[PDB]
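Kindly generate the complete structure, drawing on both the sequences and the hints.
Number of protein chains: 4
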Amino acid sequence: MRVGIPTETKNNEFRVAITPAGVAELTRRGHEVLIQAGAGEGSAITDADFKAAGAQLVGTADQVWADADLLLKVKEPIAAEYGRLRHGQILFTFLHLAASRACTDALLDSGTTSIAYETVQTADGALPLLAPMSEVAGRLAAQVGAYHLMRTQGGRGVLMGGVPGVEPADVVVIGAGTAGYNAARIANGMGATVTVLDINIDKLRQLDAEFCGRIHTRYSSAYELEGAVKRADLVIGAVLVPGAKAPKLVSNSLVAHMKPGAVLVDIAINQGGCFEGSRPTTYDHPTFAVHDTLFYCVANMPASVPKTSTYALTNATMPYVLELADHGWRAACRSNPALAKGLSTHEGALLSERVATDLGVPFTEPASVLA
Amino acid sequence: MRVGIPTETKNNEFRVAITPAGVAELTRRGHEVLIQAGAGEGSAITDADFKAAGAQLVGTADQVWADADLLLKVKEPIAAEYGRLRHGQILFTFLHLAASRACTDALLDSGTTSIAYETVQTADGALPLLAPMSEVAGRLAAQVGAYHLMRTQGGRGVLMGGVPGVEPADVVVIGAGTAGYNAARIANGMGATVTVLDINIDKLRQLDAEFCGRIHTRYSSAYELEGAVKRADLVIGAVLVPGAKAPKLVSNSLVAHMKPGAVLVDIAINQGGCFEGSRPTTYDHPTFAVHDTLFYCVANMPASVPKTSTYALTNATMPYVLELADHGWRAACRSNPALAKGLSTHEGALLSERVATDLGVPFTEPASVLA
Amino acid sequence: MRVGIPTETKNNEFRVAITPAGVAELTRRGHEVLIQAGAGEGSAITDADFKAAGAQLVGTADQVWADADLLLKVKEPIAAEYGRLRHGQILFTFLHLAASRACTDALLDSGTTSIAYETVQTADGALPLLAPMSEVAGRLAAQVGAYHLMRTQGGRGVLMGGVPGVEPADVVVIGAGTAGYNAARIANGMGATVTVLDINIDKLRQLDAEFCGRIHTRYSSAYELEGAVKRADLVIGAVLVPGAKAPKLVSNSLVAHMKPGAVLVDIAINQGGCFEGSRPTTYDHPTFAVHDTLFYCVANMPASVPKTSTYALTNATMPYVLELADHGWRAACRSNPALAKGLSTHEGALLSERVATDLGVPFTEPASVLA
Amino acid sequence: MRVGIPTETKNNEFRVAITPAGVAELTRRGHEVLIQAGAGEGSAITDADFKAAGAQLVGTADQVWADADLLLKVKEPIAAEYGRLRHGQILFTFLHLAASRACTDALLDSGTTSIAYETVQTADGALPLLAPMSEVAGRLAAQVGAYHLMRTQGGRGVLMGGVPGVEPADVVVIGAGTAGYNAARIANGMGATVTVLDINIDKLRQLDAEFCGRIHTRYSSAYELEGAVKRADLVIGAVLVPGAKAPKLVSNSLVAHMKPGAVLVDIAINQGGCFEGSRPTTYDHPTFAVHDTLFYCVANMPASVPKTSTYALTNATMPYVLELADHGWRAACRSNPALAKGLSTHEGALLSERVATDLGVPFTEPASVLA
Ligand SMILES: NC(=O)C1=CN([C@@H]2O[C@H](COP(=O)(O)OP(=O)(O)OC[C@H]3O[C@@H](n4cnc5c(N)ncnc54)[C@H](O)[C@@H]3O)[C@@H](O)[C@H]2O)C=CC1
Ligand SMILES: NC(=O)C1=CN([C@@H]2O[C@H](COP(=O)(O)OP(=O)(O)OC[C@H]3O[C@@H](n4cnc5c(N)ncnc54)[C@H](O)[C@@H]3O)[C@@H](O)[C@H]2O)C=CC1
Ligand SMILES: NC(=O)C1=CN([C@@H]2O[C@H](COP(=O)(O)OP(=O)(O)OC[C@H]3O[C@@H](n4cnc5c(N)ncnc54)[C@H](O)[C@@H]3O)[C@@H](O)[C@H]2O)C=CC1
Ligand SMILES: NC(=O)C1=CN([C@@H]2O[C@H](COP(=O)(O)OP(=O)(O)OC[C@H]3O[C@@H](n4cnc5c(N)ncnc54)[C@H](O)[C@@H]3O)[C@@H](O)[C@H]2O)C=CC1
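Residue numbers (the deposited numbering), protein chains in the order written: chain B, 1 to 371; chain A, 1 to 371; chain A', 1 to 371; chain B', 1 to 371. A prime marks a further copy of an entry chain.
Which copy is meant is left open, because identical chains are indistinguishable; a pair holds if it fits in one copy or across any two.
Straight line, CA to CA, 20 Å or less: simulated SDA-like cross-link-like pairs of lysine to any residue: (1) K51 <-> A222; (2) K259 <-> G42; (3) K203 <-> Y311; (4) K259 <-> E224; (5) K259 <-> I45; (6) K248 <-> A356; (7) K248 <-> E276.
In case anyone wonders, no lab produced these hints; they're calculated from the structure.
Written out as structure tokens, the structure reads:
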């Protein structure tokens with residue numbers, strides 16, 4: 001089949017959905033790869049590098065979309081991409097539908113087959129394609145939090161790890177999953193006092209073991225959450241129920257009680273945000289004021305470190321890309337229950353139950369379109 | 001005596017040279033404290049907080065300078081402050097004269113007694129007043145380096161500590177002193193691969209012990225330095241001979257061989273900078289391009305975290321402030337050889353030998369004006 | 001000469017001032033060793049073990065004191081021992097005179113040569129004979145603090161290191177010296193949140209390095225001390241100016257603001273105690289209430305672990321014992337400036353300056369009785 | 001339904017089975033909560049705090065028992081509570097029936113529905129309601145062991161972590177589960193030399209990884225066990241087969257070979273004890289001599305740190321409490337196989353197989369009374 005990779009068009013989205021090695025593996029298996037010129041330049045993969053690997057370098061975005069049977073993107077389609085979505089085409093990318101009705105509508109109306117990176121889930125309930133992006137996001141969250149805590153950035157003017165004799169930043173991380181563990185670890189590495197909350201005690205028990213008590217763990221009860229946030233120089237929001245709109249855990253009213261110049265980073269923004277006052281920002285304009293605090297809500301965080309994130313992503317996605325290309329979406333999903341869990345849309349039907357309940361929209365069973 | 005503390009006027013300089021507790025201790029010992037209104041507002045010390053402690057809150061900068069017997073600043077005097085410097089007044093602040101002729105000339109022409117925070121040196125050769133600022137600078141260097149390595153900041157687009165399976169940033173720190181140790185430690189905390197160079201093997205042996213080999217140490221030979229730099233995603237410049245103009249260790253020619261998008265942070269900028277292509281920058285305009293790299297050269301780095309740095313600084317300086325105010329500069333310097341080593345100017349005479357050799361200007365013996 | 005070691009008679013004092021190996025080394029050098037029967041039974045050194053090594057096992061305490069030229073004790077003489085002190089005898093033991101007038105008076109009236117373990121001081125200002133006892137005391141402080149924080153002991157009923165999800169004990173250690181470093185280290189080992197204060201920034205910088213920021217360090221300003229204490233579940237008092245009465249750093253008024261059931265351990269009790277409400281307690285009756293808190297003030301803490309402390313002590317003291325016995329106090333002190341600094345009393349003369357100022361009693365120069 | 005929480009009456013039992021937040025969540029779901037006055041005072045939850053949350057504060061224990069449909073306790077019923085057990089009432093608490101026939105008899109004769117915290121078991125075989133109590137018990141075991149090792153407590157008089165130059169305590173932990181891992185970790189934190197034995201090599205492999213070899217691991221063969229114990233200053237007994245009477249692993253005969261003053265802490269005492277010579281003690285009288293050793297056998301260890309343990313417990317139990325209250329025991333157990341595994345007694349029938357074999361008493365299948 002034809003596998004197409006367009007240039008990413010989201011704000012400051014420098015990643016790409018495939019690397020030369022993946023292009024070379026596709027063409028070894030007798031597949032046709034088409035790639036928009038420049039598509040990899042943000043990740044420092046040239047058109048030449050792609051050409052060498054076996055790719056057909058095309059001049060226009062509209063051509064890739066129209067030709068490609070399997071389409072590989074990093075981010076969700078945006079407004080100007082809605083007109084590109086076809087029928088009988090397989091879209092494989094991050095989707096975050098629970099967070100956007102306007103996007104979900106487009107995939108349904110065009111009737112395209114779509115599977116979502118972020119809902120591919122292995123038997124043990126782990127999400128192996130979101131994982132490395134959560135990894136990148138958690139780590140960015142800490143340094144980005146550190147940076148915006150500088151007075152010069154409008155923030156409070158506390159240094160992350162203090163210096164001997166002078167107290168370090170107080171960091172609160174909500175969620176002990178991949179993103180939250182990774183944020184806590186970097187922030188702790190910067191010398192910050194870190195507290196992680198979660199409703200899953202096992203997650204905290206893991207964190208208690210790994211850092212031998214150096215990262216504080218609190219059960220995410222209303223009482224403990226409120227107290228932590230009221231105290232925090234920096235709050236990082238990192239919760240998730242797989243493929244569901246984030247719950248609202250930090251109210252605007254709570255934010256009014258916070259230290260002036262506190263920074264809040266809502267990693268969960270891509271799935272709705274878990275702060276009441278969050279709204280999607282972009283790398284160009286990353287922050288906005290709420291009360292006396294600074295909010296940071298970039299939905300494509302990994303985008304600023306494409307050398308790292310492009311390879312982190314594609315290391316994980318390729319085995320799944322190969323199976324789609326080799327066997328087609330129906331057979332691939334039939335042979336892989338983890339791939340199947342990612343099925344989002346097919347011919348005007350929404351195949352995720354969770355996303356159907358969050359949007360208030362008709363759900364149809366996945367196993368029903370797999371026979 | 002009268003002890004005056006003006007508002008800082010350097011770019012984004014949010015620090016102050018005294019805190020309430022210091023004001024309170026001065027007034028217990030029967031001293032008169034005068035403070036420019038707003039002088040502490042950047043460090044979140046109100047005029048009221050200062051009032052409460054025993055300070056006379058004055059409306060203008062020109063009055064403090066004119067009244068104050070002992071004058072306490074954080075940074076060196078700048079152009080618009082040159083007209084404030086008097087005779088028979090003691091100036092106590094960061095000076096960095098080896099790096100500025102125009103500043104040094106002003107102190108000599110005004111005929112003012114000046115001691116420099118950064119050349120106060122104990123018996124073991126440590127600089128206990130520079131120390132905490134080096135601590136803050138080192139730690140800022142790492143996070144600031146992390147931030148500017150993001151593609152969105154023009155940098156290379158590598159994440160500091162990578163993510164599992166994908167290589168972390170390569171960080172090279174030149175100098176194993178206070179700043180460099182602290183830079184290495186935060187950088188290493190962020191998951192970066194860190195290499196520290198120094199011409200003092202002892203310093204590296206300390207670093208090798210503390211992190212049990214996790215921070216790489218290389219003897220700063222021409223060979224090892226050039227190889228480290230050529231390989232680095234981020235170079236942090238942190239060298240010092242006490243009170244002397246920095247040596248030029250990284251040539252512009254070397255920088256041309258570096259990875260495009262590499263960031264270079266010259267902590268040593270305040271003492272001339274140890275990169276050949278360095279020039280003083282500010283928090284407003286922190287970075288300039290040199291070849292295909294990005295340079296960061298802020299001479300007052302600690303300014304962005306006054307909540308941390310103001311207290312770090314004043315924790316250290318007060319015991320010395322008290323001795324100056326209690327006994328006057330001549331007796332204080334006679335009783336404290338560590339205070340003495342800070343003597344810079346008195347009545348048109350330059351009293352530091354090193355600063356005299358770096359500027360090519362007449363040196364006069366300190367012990368000669370102390371009798 | 002004759003070297004005598006009495007049984008310790010202080011409350012629960014299970015230590016002894018010599019071990020078999022030390023007895024054996026004394027007798028090799030042609031010295032006569034006399035030891036009160038049972039003197040080592042608390043440290044599990046039998047009369048037989050002592051016999052075997054070369055000691056004359058004597059039946060009574062009064063005989064040892066009367067015969068012995070050099071007398072080796074662990075603790076200071078107590079009331080019933082005051083009648084034992086002779087002229088021309090060298091007493092070598094812990095003294096803590098700055099804290100007891102009635103003890104100091106006894107040494108002056110008896111006219112005895114006395115050197116104090118705890119004021120023997122090397123060139124770098126370290127106290128190598130107090131050191132290991134501070135080590136034992138610091139480590140005891142943490143576990144003893146842990147134990148008395150249990151509700152069943154009257155304390156607050158918080159567990160030292162919490163458990164995942166639930167906050168650990170908040171421990172505040174005042175002083176970053178030997179005792180305080182060791183207290184902080186064990187406490188932190190137990191999972192407690194530890195904060196160390198000190199007026200010597202260097203000491204905190206060492207602590208910040210060693211535990212890589214995991215033990216919090218605060219500069220011991222009035223502001224920071226009061227805030228730490230008000231917050232602490234357990235405060236450990238560990239300050240010292242060599243051989244001087246402890247300064248009073250925690251007032252009774254402050255203690256009234258503390259969490260009910262907080263425990264306070266004043267390691268410094270032996271030198272006066274650094275808590276205002278402290279008074280010497282014993283192992284039998286270790287704790288008294290002050291306000292809604294519980295105080296622990298045992299002046300001979302190491303006594304409860306003689307198997308550890310006896311050898312810790314004697315490991316350190318022997319080289320000094322040998323020099324005393326070999327050359328006599330006058331020649332030994334002339335050849336060792338570190339031994340010299342321990343001189344306390346000789347023939348009715350108080351030879352420590354600091355102890356003279358704390359007691360308000362006539363001081364006489366050490367070097368004057370060494371010629 | 002009515003959910004009742006009596007005051008705990010066991011020796012020094014300061015915990016409570018519910019906290020305000022849990023009371024508030026129950027009353028939100030339309031349930032009636034009754035709480036014996038004073039029931040929470042040991043955990044510092046006032047009657048007022050409970051009232052505010054929505055609880056009906058009742059004066060007497062007999063009323064709660066009689067009214068409550070779901071009854072929440074921390075510990076097992078004791079002699080004076082046997083007369084309180086009703087029919088058609090759900091008891092939810094720690095039970096430890098394999099260890100007490102007299103208790104098991106009462107639940108059977110009264111015919112009460114009972115589920116046990118300690119046998120609630122998730123699919124992966126983990127016991128999530130015992131877990132946090134094992135956590136608390138392990139950590140207490142180490143400090144309690146440290147304390148009783150002091151000479152003054154009758155113990156051997158070795159300090160846990162020694163001091164430089166002098167050997168630390170030798171600690172042997174039998175069982176690498178939750179309690180044993182937590183004991184080893186605290187003891188290691190105190191500087192003790194720790195050895196953990198287990199018949200499950202994976203458990204030891206986990207411990208070998210976490211502490212990177214610093215905690216010694218030995219396969220719990222007869223040979224290795226004997227040798228460790230013979231050498232130990234402190235032995236902590238921490239084994240378990242879920243809901244079964246502990247195996248006897250340390251014979252009285254072995255104890256005769258041990259160092260005099262050695263302390264043995266049998267955490268497993270609540271399930272019979274794994275030391276041959278153990279017998280239930282209480283916080284009032286915690287220890288008894290066996291041979292030349294000191295045994296410590298408190299069955300309600302977590303009781304002395306109720307601030308920690310009450311919240312540790314209820315954090316875990318509440319989700320299960322809510323399900324019982326919402327749906328009743330039959331439906332709740334039907335929807336939750338982990339809840340179901342806790343079923344102990346119903347209408348005169350013993351529903352645990354393990355407890356039936358240990359007691360030698362008729363077992364009846366759980367699934368049989370769930371239809
Ligand atoms: N902005 C960006 O560029 C990126 C955002 N993300 C987002 O980060 C979020 C976290 O992702 P992961 O860490 O992989 O998920 P995860 O499942 O690894 O972690 C989420 C954790 O939050 C906890 N949690 C759920 N509900 C909670 C509540 N009410 N209170 C407290 N804790 C709660 C869960 O127990 C879970 O462990 C996701 O929403 C993901 O979409 C991920 C990558 C990049
Ligand atoms: N930008 C800012 O805001 C601040 C800048 N600084 C600057 O940071 C610099 C370093 O300060 P500290 O770490 O306190 O000094 P330090 O003395 O602690 O460390 C400097 C180290 O550089 C080493 N060094 C000297 N010559 C060298 C050579 N040719 N090659 C390799 N290594 C060499 C020395 O051996 C020494 O260990 C100073 O120039 C200081 O003024 C300090 C504080 C703030
Ligand atoms: N109860 C017992 O059985 C024992 C008690 N001790 C006592 O422990 C105390 C501490 O001993 P070490 O740790 O060896 O002394 P050290 O000299 O190692 O440490 C004392 C520390 O307290 C600091 N300090 C002094 N004044 C201060 C102030 N105003 N505020 C804050 N910090 C201040 C010093 O800078 C020093 O670092 C001594 O009084 C000693 O006699 C020692 C052994 C046993
Ligand atoms: N006294 C108190 O207050 C408390 C007592 N406990 C008791 O602590 C005990 C341990 O509990 P957990 O650590 O949660 O159980 P666990 O299952 O986490 O740990 C027990 C470990 O012992 C090992 N083991 C079993 N048989 C063995 C044998 N013959 N030789 C060597 N190792 C063996 C198992 O492999 C298991 O890993 C339980 O009996 C529990 O009831 C728990 C909490 C409080």
